[PDB]
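A single chain comes next, written as structure tokens; it is the form deposited without the ligand.
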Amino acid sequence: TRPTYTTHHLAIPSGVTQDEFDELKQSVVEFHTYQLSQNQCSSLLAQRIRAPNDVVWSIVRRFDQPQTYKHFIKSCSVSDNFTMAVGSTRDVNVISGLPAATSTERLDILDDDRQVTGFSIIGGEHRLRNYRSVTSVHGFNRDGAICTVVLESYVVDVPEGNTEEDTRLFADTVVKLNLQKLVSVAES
């Protein structure tokens, strides 16, 4: 038997302490829970950042410029009438060593109060069919300075002829590397 929903609040991701995670479990339940079809897989990743959470949020909120904190993006365009609002889209030109491929992504969540955003891939990425992702930002006061934790989760289809392990390993590696780039951009 296979799961029908994720339970990421039960498994501590690498890169956070138990005391940090205890403070984040409610946010994982609220924003990082997915229903699962039998052909889907899902993961939750974390990254500590020595920077104020408002600064980190201003970076990951920039839906039109994902290349600032992600690798393997040649360019990203938005329409001439683009609005920073749920339902708007972006066209991402991905670096893959294959011919030019455009990934159309839709902004799903933009919550400035809780500092949560997310997107869905609606066309053009074949390795990651029906990819959907959520990023949340969390500030901690530690001895007079802000320490930020970013949580990033996704759900995605496992292509036919792939194993779940193969798909998860690929998607997890990309997210981990992108979170490392976010660290370099946000920290001073």
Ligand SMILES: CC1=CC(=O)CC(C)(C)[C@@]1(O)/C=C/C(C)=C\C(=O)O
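In this text, the rigid core denotes the largest set of C-alpha atoms whose superposition between the two forms falls within 1.5 Å. Residues that one form lacks are left out of the comparison. Positions refer to the first chain, counted from 1. Compared with the form deposited with the ligand bound:
With the core fitted between these two forms, just one of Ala145, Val29, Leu36, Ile122 shows a Cα displacement of at least 2 Å, namely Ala145. Taking residues common to both forms and aligning the rigid core, Cα displacements of 2 Å or more over three or more consecutive positions between these two forms occur only in 142 to 145.
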Contents of the next structure:
There are 2 protein chains.
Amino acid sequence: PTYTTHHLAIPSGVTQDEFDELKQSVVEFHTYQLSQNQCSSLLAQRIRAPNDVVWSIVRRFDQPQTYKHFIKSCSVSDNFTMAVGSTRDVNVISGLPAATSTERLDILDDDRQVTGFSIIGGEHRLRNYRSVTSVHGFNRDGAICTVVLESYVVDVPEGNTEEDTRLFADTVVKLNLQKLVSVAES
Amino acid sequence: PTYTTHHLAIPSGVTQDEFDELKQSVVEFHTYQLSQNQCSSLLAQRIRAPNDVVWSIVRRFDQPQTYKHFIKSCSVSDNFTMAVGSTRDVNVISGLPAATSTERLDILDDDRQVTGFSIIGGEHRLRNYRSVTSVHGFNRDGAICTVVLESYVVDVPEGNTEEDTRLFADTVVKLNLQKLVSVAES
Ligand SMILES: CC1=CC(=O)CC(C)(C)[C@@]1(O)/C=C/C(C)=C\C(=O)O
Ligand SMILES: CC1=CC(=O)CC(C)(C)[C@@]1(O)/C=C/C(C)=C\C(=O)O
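Could you please show the structure of the form deposited with the ligand bound, as a counterpart to the form deposited without the ligand just displayed?
Following is the full complex, with the preceding chain placed first.
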């Protein structure tokens, strides 16, 4: 297989010196295998809030709607455990209506403050979506100011271009990351 | 089959005293006919920028991608004039890909700073979408503050609920208005 090189390109929204400190985290957590039909991207967002505050929000695998747009509801089983392997049924706002993507929790590491999930079933064109989010505290002069890194890999549907698929997924993650800013600042 | 009454309910983001000044504009420009299969909503967004600056952005019928998300490109004909009746072809970012909704300019009023459009062709579920944006300057402690009002009417697709459709359309418009804030305040 072929692998991503997100450590070679500073994403927008981070400085060269901030990024230099995070390259180790990108390699460890934001590297995916790449098939010929896949694309992957890494996004970043600075947040004026303690990383412990941010981690506590994004850790909530059962309540993504608190920090994501376009989710009407999210339910988990009555025996849900916050553990690798638990799943959720996400009801998406799209005008179809109440669509559903079942997602499985892949990583939950409270020591490094990293989580991630993969989409394992649903009615959509984002087949084999996999995402990782890591939380990073910086003593940042009035904050712990946190940079959140979020990357994904996904299949490019036949009849889609890689740029088109990537542009859509990038737009969603960027918009959700802006919402995370609003929620974290309190 | 009656008409909308958005002048009767204050939208979020406005004060009662601010809204009282806008009721005449809501009546004059933000009233739609409503059939039993349609819904309509009215949104507002405060912007710390001169109303003339905001107006110059939202007036650009040929360039919605400057202030809206999820638009890959926008083309108009070689004889395009910025005039009621002109149309544009919008290529939407959706993961389908490069989708298209053809839109017609309905209002372009430079004295009152109102613009509006209706969707006249495309491949989607926002049938008979019609939208109006109006710009409003307020003197606030020596600086101009702009309120943008944006409303729409749209058909509810069979199998959708009104809340679900409204929720989606409300989500899109609000997000486009946040991008408008960034562009105007830069
Ligand atoms: C918003 C939405 C609409 C779709 O059509 C596909 C899917 C259900 C995957 C999705 O939830 C996509 C979500 C994305 C890209 C990222 C995320 O959630 O962090
Ligand atoms: C982004 C998008 C999603 C759709 O499914 C339909 C359509 C393509 C019309 C649309 O452009 C709708 C845009 C909206 C609600 C408002 C606007 O543009 O002012």
